[PDB]
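Q: One letter stands for each residue in the lines below.
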Amino acid sequence: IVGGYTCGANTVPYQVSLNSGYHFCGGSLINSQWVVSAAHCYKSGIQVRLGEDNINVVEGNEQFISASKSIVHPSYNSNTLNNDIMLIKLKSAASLXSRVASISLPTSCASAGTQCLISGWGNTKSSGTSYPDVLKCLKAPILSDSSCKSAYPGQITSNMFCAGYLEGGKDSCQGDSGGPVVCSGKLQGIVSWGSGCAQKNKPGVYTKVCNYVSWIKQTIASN
Amino acid sequence: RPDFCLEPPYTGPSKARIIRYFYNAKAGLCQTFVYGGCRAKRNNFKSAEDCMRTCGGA
Ligand SMILES: [Ca+2]
Ligand SMILES: [Ca+2]
Ligand code: NA
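Sequence lines, in order, name chains E and I. The first sequence maps to residues 16 to 34, 37 to 67, 69 to 125, 127 to 130, 132 to 183, 184A, 184 to 187, 188A, 188 to 204, 209 to 217, 219 to 220, 221A, 221 to 245 in the entry's author numbering. Under the entry's author numbering, the first residue of the second sequence carries the number 1, and numbering increases by one thereafter.
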């Protein structure tokens, strides 16, 4: 997260870290046994880390649970990044309390201008490299489909949406993928891609979760 | 033809932080870099062994 702020220990209880020997992606806990992340976050030997703040130190509220299943959307396109969503089943059910909790799925799509919370342990620099120990947060608005398409000609599908600030300086970055974009207590997006990070006229692109609610519910229920 | 082993490492547009290897011709060794998760170029390997086998001596 570039241009954000320190969330505070366990203030984003649904945020998880996907670990494969190190942190490589984020995710959102939707129930005690399931996590929503990005399809490009599929990787061998995933271990989901819940209740994390400082990802480099054992603080006492962590739950490390291996992925028992990783279901990438059947229509995921690795070239265009369309349908960039993946469901991860936890080998054992996570213990939910205040520090480890699920985030509700949306009942409807969020409108342009809606302020949301984006979080993750990704790069905090637009130019260069600096990975944080603790969880970073960013308040950013959903942007119009028209502005998103103008920013990325011929790259935005009906399953993607832009969020952020066109002047640059605030955005999600490498290491944030798969993480949450929560608006009014609902999971509306999954960190997906963008042209660099926090660059002017290049807002972050996110998977439109509101388009997959039925698929998410049915898929979880059938696995 | 152009040697893909001599191309600079490519992170790509996706936002994952996946550690991969690339052959650094200037240093003469396989080094680590951050791959975003999509649109990988060929000078991108999952291990130092894969990198050396493919680009060693480039
Ligand atoms: Ca920790
Ligand atoms: Ca290196
Ligand atoms: Na802490």
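By construction, these hints were calculated from the structure, which means they are not laboratory data. All residues carry an ideal CB built from backbone N, CA and C; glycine is no exception. Be a bit skeptical, because a hint or two may be false.
[Unchecked claim] Label-pair distances were calculated between CB atoms; the ranges are:
1. E/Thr134 to I/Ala25: 32 to 38 Å
2. E/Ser37 to I/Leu6: 26 to 32 Å
3. E/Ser116 to I/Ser47: 37 to 43 Å
4. I/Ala27 to E/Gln240: 35 to 41 Å
5. I/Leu6 to E/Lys145: 26 to 32 Å
6. I/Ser47 to E/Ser110: 40 to 46 Å
7. I/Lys41 to E/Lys159: 53 to 59 Å
8. E/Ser113 to I/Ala58: 24 to 30 Å
9. E/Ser130 to I/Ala48: 32 to 38 Å
10. I/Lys26 to E/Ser164: 40 to 46 Å
11. E/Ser147 to I/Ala58: 25 to 31 Å
12. E/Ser130 to I/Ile19: 37 to 43 Å
[Claimed, not checked] Quick look at which bits of chain I chain E covers, simulated, 3 or more residues with Cβ under 8 Å:
13. 16-24
14. 27-40
Q: Work down the list of hints and note, for each, if the structure agrees.
A: Hint-by-hint comparison with the structure:
For the hinted restraint 32 to 38 Å between E/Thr134 and I/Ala25, the CB-CB distance of approximately 48 Å leaves it violated. Between E/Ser37 and I/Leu6 the beta carbons are some 29 Å apart, a value that agrees with the proposed interval 26 to 32 Å. The hinted range of 37 to 43 Å is satisfied by E/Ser116 and I/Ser47, whose Cβ atoms lie roughly 41 Å apart. Separated by about 51 Å at the C-beta atoms, I/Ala27 and E/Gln240 break the suggested range of 35 to 41 Å.
About 27 Å separates the C-beta atoms of I/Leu6 and E/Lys145, a value consistent with the hinted range of 26 to 32 Å. Between I/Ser47 and E/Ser110 the C-beta distance comes to about 30 Å, which lies outside the given range of 40 to 46 Å. Here the CB-CB span from I/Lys41 to E/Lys159 is close to 35 Å, at odds with the stated 53 to 59 Å. Between E/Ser113 and I/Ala58, the C-beta spacing of about 51 Å breaks the proposed range 24 to 30 Å.
The given range of 32 to 38 Å is broken by E/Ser130 and I/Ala48, whose C-beta atoms sit roughly 49 Å from each other. The hinted window of 40 to 46 Å between I/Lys26 and E/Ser164 holds, with their beta carbons roughly 45 Å apart. A beta carbon spacing of about 29 Å between E/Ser147 and I/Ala58 agrees with the range 25 to 31 Å that was offered as a hint. At roughly 38 Å, the beta carbons of E/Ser130 and I/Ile19 sit within the given window of 37 to 43 Å.
For the segment 16-24 of chain I, the stated coverage by chain E holds: 4 residues have a C-beta nearer than 8 Å to a C-beta of that chain, and at least 3 were required. Counting residues of the segment 27-40 of chain I whose CB lies closer than 8 Å to any CB of chain E gives 5, which reaches the minimum of 3, so the coverage claim holds.
The earlier numbered hints that this structure contradicts are 1, 4, 6, 7, 8 and 9.
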